[PDB]
Each structure stands twice: as C-alpha cells, then as structure tokens.
Amino acid sequence: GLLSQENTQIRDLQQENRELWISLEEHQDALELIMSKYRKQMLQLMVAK
Amino acid sequence: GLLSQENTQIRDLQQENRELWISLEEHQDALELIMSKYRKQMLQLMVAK
Amino acid sequence: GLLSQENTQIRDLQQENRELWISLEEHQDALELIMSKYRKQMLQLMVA
Amino acid sequence: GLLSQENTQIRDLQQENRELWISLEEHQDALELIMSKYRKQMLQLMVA
Numbered sequence: 001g002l003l004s005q006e007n008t009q010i011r012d013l014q015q016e017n018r019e020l021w022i023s024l025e026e027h028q029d030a031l032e033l034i035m036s037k038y039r040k041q042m043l044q045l046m047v048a049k
Numbered sequence: 001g002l003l004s005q006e007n008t009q010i011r012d013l014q015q016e017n018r019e020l021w022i023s024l025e026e027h028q029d030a031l032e033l034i035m036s037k038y039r040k041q042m043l044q045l046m047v048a049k
Numbered sequence: 001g002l003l004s005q006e007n008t009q010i011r012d013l014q015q016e017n018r019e020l021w022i023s024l025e026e027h028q029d030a031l032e033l034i035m036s037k038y039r040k041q042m043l044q045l046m047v048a
Numbered sequence: 001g002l003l004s005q006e007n008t009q010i011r012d013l014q015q016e017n018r019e020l021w022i023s024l025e026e027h028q029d030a031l032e033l034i035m036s037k038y039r040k041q042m043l044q045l046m047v048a
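Protein chains in written order, with my numbering: chain D, 1 to 49; chain R, 1 to 49; chain E, 1 to 48; chain U, 1 to 48.
Don't take every hint at face value.
When the alpha-carbon atoms are kept at most 25 angstroms apart in a straight line, the in silico DSS-like pairs for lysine-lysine are as follows [what the hints assert, rightly or not]:
1. R:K49 with E:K37
2. E:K37 with R:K37
3. E:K40 with R:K49
4. D:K37 with E:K37
5. D:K37 with D:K49
6. U:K37 with D:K49
7. R:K37 with D:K40
8. U:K37 with E:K37
9. R:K49 with D:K49
10. R:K49 with U:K37
11. R:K37 with R:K49
In silico contact screen, one side only, chain D against chain R (beta carbon under 10 angstroms); selected entries [as the list claims (entries may be wrong)]:
12. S4
13. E6
14. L13
15. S23
16. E32
17. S36
18. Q41
19. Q44
20. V47
If you anchor each label on the Cβ, the simulated ranges turn out as follows [what the hints assert, rightly or not]:
21. E:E26 with U:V47: 34 to 40 angstroms
22. U:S36 with R:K40: 15 to 21 angstroms
23. D:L33 with E:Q5: 40 to 46 angstroms
Calculated directly from the structure, the hints in this document are not laboratory data. For each residue, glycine too, the CB sits at the ideal point set by N, CA and C.
All chains should be modelled from the sequences, with the hints used to inform the complete structure.
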C-alpha cells in the first residue's frame with residue numbers, strides 16, 4: 001500500500017523536511033566561515049599593530 | 001479515515017515542516033536586525049568624524 | 001608641547017581608532033550570539 | 001617638518017584607521033552576501 005495517496009504524501013513531506021534541514025545546515029556553515037574570517041582579520045590587524 | 005497511521009504521520013510531518021520554517025524565519029529577522037545595527041554604527045562613526 | 005598640532009591630532013585619531021576597534025568587537029559579540037541561538041535551535045530540532 | 005614625530009605618528013594612525021574602516025566594510029559585504037543567499041533560498045523553498 002506504499003502507493004496510496006497518504007504514503008506518497010508522506011514521502012513528499014519527508015523530502016521537503018530534508019530540504020529545510022539542508023537549508024539550515026548550509027547556512028550554519030556559512031555563518032561559521034564568515035565568523036572565522038572576521039576573527040582572523042581582527043588578529044591580522046592586531047599582528048600588524 | 002483521518003485517524004489512520006498515515007494521516008497521523010502526515011499531520012506530524014506538517015508540524016515539523018512548520019517548525020523548520022519558523023526556525024528559518026526567526027533567524028532571517030535576526031540577520032536583518034544585526035545588519036541594521038551594523039550599518040547604523042558605521043553611520044554614527046561617519047557622523048562623529 | 002602636548003598642545004602641539006601633532007599631539008592634538010594624535011589624540012583624535014587614537015579616539016577614532018579605539019571606537020573602530022570597539023565597533024568591530026561589539027559586532028563580533030552580536031554575531032556570535034545569533035550564531036549561538038541558531039545552532040542551539042538546530043540542536044533542539046534534531047533531538048525532537 | 002613632515003618628519004616630525006607628530007606628522008610621522010599621524011601617518012601611522014591614519015593607515016591603521018583606514019585598515020579598520022576597510023575591515024568593517026569588507027565584513028559588511030560578506031554578511032550582506034550570505035544574507036542574500038539565505039533569503040533567496042527561503043524564497044525558492046516558498047514557491048516550490
């Protein structure tokens with residue numbers, strides 16, 4: 001009965017779920033990268049001083 | 001037949017879906033607020049200069 | 001001669017430079033905090 | 001007397017101050033871009 005309208009909708013919602021999580025995860029990585037670069041620049045300024 | 005295991009799972013997945021969206025939306029607001037404050041400070045520095 | 005043009009302009013540039021450093025670190029703290037909230041929300045969704 | 005201690009230290013503080021301003025704006029551009037990508041991803045999910 002995996003082909004029922006309900007089981008098909010479950011798999012569609014699980015795919016949407018996964019896409020939302022990937023969106024959150026990709027932006028978590030972007031936040032970490034920008035913070036890493038921001039703190040590396042603060043250190044480069046201190047070193048040059 | 002709204003009480004079937006499948007229909008119950010659909011409503012659970014829709015609630016999860018909504019929670020993921022709220023997580024994305026709340027952080028969109030946080031990003032906007034921090035950028036607004038960041039640009040307002042750059043202007044306050046320019047004005048004081 | 002601390003009232004020299006030299007020593008006076010030094011003091012103004014030092015004040016501006018201190019304000020720029022404070023601006024950089026205050027924004028650091030603000031981004032760190034929204035990243036903390038973001039990460040902890042993801043951790044909460046993940047075990048729910 | 002541009003080689004005065006006054007005028008020399010002025011120039012160093014001006015260079016540092018310019019670097020701090022560039023740092024602030026470069027990070028502005030970087031955050032604006034990740035916010036752009038984030039917002040456009042949400043818009044894409046919303047019409048999908």
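Hint check results:
Of the supplied pair hints, the one linking R:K49 and E:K37 is violated, its CA atoms being roughly 35 angstroms apart against a limit of 25 angstroms. For the given pair, E:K37 sits about 18 angstroms from R:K37 by alpha-carbon distance, which is consistent with the 25 angstroms threshold. Taking the CA atoms of E:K40 and R:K49, the gap is about 39 angstroms. The hint is violated against a cut of 25 angstroms. Of the pairs offered as hints, the one joining D:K37 and E:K37 holds, with about 20 angstroms between alpha carbons and a cut-off of 25 angstroms not exceeded.
Distance check on the hinted pair: D:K37 and D:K49 sit about 18 angstroms apart at the alpha-carbon level, within 25 angstroms; holds. A hinted pair counts as satisfied when its Cα atoms are at most 25 angstroms apart, and U:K37 with D:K49 does not qualify at roughly 35 angstroms. With a CA separation close to 22 angstroms, the supplied pair R:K37 and D:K40 stays within the 25 angstroms bound. In summary, the hint linking U:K37 to E:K37 is supported, as the alpha carbons are separated by about 20 angstroms, within the 25 angstroms threshold.
With a C-alpha separation of about 22 angstroms, the suggested pair R:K49 and D:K49 falls inside the 25 angstroms cut-off, and the hint holds. Between R:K49 and U:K37 the alpha-carbon distance is near 33 angstroms, which puts this suggested pair outside the 25 angstroms criterion. This hinted pair checks out: R:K37 and R:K49 have alpha carbons roughly 18 angstroms apart, not beyond 25 angstroms. Look at D:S4: its Cβ gets to within about 7 angstroms of chain R, closer than 10 angstroms, so that hint holds up.
Interface restraint check for D:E6: the shortest CB-CB distance to chain R comes to about 4 angstroms, inside 10 angstroms, so the restraint holds. Checking D:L13 against chain R: minimum C-beta separation of about 4 angstroms stays under 10 angstroms; hint holds. For D:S23, the interface hint holds, the least distance from its beta-carbon to any beta-carbon of chain R being 7 angstroms, beneath 10 angstroms. Taken as an interface hint, D:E32 does not check out: its beta carbon lies about 14 angstroms from the nearest beta carbon of chain R, beyond 10 angstroms.
Hint on D:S36 is violated. Least Cβ distance to chain R is approximately 17 angstroms, over the 10 angstroms limit. For D:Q41, the suggested interface contact is broken, since its CB lies about 15 angstroms from the closest CB of chain R, more than 10 angstroms. With a least beta-carbon distance of about 20 angstroms to chain R, the hint placing D:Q44 at the interface is violated under the 10 angstroms criterion. For D:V47, the interface hint is violated, the least distance from its beta-carbon to any beta-carbon of chain R being 23 angstroms, above 10 angstroms.
Against the hinted window of 34 to 40 angstroms, the Cβ-Cβ separation of E:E26 and U:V47 comes to about 37 angstroms, which satisfies the hint. U:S36 and R:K40 have their C-beta atoms about 20 angstroms apart, which keeps the hinted 15 to 21 angstroms range intact. Taken as a hint, the range 40 to 46 angstroms holds for the pair D:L33 and E:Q5, whose Cβ atoms sit roughly 45 angstroms apart.
Checked against the numbered hints above, the structure breaks hints 1, 3, 6, 10, 16, 17, 18, 19 and 20 and satisfies the rest.
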